[PDB]
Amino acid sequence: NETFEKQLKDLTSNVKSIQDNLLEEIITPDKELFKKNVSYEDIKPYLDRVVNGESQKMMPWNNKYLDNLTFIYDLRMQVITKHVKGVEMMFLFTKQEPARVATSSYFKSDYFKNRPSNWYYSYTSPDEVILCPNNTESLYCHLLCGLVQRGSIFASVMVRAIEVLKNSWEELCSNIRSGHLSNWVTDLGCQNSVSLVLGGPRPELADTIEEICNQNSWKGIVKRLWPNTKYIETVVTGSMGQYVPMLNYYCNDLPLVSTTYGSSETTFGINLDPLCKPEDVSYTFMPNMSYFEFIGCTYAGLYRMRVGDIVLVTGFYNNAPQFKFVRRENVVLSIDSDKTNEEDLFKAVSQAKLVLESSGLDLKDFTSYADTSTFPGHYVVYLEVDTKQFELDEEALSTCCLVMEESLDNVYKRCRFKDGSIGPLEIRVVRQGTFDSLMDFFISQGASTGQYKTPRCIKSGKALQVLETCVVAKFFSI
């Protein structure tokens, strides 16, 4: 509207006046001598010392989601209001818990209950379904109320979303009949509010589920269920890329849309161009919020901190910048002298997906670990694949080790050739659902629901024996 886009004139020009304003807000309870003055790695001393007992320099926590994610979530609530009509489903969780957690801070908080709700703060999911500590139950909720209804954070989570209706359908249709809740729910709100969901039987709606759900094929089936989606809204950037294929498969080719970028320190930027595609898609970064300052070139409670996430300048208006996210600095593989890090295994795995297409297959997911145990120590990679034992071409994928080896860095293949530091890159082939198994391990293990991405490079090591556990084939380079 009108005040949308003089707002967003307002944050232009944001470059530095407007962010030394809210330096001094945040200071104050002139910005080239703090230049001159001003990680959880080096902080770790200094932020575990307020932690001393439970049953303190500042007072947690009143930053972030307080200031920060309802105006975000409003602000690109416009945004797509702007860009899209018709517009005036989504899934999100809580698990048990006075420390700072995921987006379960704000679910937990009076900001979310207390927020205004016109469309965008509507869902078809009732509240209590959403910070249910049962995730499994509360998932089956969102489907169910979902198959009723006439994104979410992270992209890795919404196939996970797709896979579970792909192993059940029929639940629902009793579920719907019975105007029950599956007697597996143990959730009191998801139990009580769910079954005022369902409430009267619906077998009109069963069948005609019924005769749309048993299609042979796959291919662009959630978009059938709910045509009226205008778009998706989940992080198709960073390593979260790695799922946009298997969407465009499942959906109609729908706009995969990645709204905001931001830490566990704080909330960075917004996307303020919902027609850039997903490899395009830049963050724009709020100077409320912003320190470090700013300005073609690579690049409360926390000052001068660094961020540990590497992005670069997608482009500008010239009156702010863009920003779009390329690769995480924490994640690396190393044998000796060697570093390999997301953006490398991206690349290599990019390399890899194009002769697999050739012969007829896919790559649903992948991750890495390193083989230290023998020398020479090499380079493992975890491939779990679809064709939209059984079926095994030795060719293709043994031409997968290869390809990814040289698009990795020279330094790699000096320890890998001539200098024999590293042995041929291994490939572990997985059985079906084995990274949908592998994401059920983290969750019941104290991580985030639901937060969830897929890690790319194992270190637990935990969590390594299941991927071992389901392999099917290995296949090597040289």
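Residue numbers count along the first chain shown, from 1. Compared with the form deposited in another entry:
- Hinge residue among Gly241, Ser264, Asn410, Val331 for the rigid-body motion between the two forms: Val331.
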Contents of the next structure:
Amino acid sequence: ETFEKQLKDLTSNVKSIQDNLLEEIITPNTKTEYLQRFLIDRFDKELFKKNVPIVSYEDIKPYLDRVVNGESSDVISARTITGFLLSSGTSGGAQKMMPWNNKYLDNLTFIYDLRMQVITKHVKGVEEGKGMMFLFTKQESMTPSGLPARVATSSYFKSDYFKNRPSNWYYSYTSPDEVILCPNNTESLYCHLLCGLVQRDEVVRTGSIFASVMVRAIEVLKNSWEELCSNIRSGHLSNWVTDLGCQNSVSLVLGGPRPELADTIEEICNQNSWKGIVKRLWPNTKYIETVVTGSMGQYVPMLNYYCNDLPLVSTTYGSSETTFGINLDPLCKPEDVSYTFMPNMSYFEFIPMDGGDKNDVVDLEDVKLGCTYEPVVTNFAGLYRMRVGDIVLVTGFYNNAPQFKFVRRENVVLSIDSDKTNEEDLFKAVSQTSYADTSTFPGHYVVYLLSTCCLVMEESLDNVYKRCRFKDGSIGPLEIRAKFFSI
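Other form of same protein, the form deposited in another entry, not the form deposited in one PDB entry:
A lone chain is what you will see next.
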């Protein structure tokens, strides 16, 4: 009842909520160095639109550099910046750093609570069980200001928003918090699988942020099940896991020897065909929760094979600048997913990317059906009218809330995992066509046109690629097709 009214109000009063949010954001910031220079003396929406420039990351980086280096955040935000977000996008090989504060986590947990209600409205049999969720923490980078830079979900996991989260099915995992918080993701993924297998009847959902990570978890399971079952049989975690938090918390989950359970799992895994394996090991699973839009659509056939066509539920579209919104038709096919922007997240504007809309920039409530746009974001952490670099397509409207298909990220040419290699990067590499191969796991780049040539191309790519390729092992060695490989 409360949720039904909440969602009706959010998607019906879009214009009013957006206009009030802009006033809410701008009013305490009119005296910042940044907004004072565009002479926004008081809050006035037409003055904001006329005087405040639409900017790229590059335009405002001088201001962000000052905050990163320790200058008072009030140069851009009266809401103190207490950390930064590392974006998967880069500017000159360097990851972009976005300003961040707890309003990011206020919005994120608002969206978690909303999509939880959307899921349970449409999917039965989930509220009495737990999620086997392959969630990972990545260690933070220090900035000269002394504030940490983290990836979006790590900024949540390492906060009390996560530690002191609510107590219901949607925030209940088969993995202890220590496993989720473990910065060694090889150890934590193994422990995720171990705890999920031990509590296999309680699993009602499984997944990860992106479909690539869900696929990797299944491949690790395929390559680790004999060892996992030996830990279940003995009641002892393998010695190689060094994280103390994992050792202590997983030992409690194991409890003692489980040779009968081990036998049961070994009998399932021992089939030559891995088709439907997820459903056979976790028979109470109701759905797979993972993003399957954008470059992640390449993994849908693999996921359907392993999960025996359990629904793939792609819930959220977000970025280091802001969370955008959620999928209000969770049980649709992957190719049909659209995201309804939520008007309380940030003030959204849109630049037309085709001839169907001839305006220079338009408000959320004015976007035209069937037209493409680049989103523009004004947020609660010092970003004013910043271009996001994504292209979206207006597919419809839920009440008065536009729904958007994610089309692509501008200039990105190659993407396997979190990496987003764009045309400039592939250019430097070749000067020092392409295809993203996923038919084998791990996926890898393919540069059509020598062992050394493969290496120097990889060495010129960005840090996200190199962390995925050499550390997580989510990308294989780059291949120049005679066929040659990096190493």
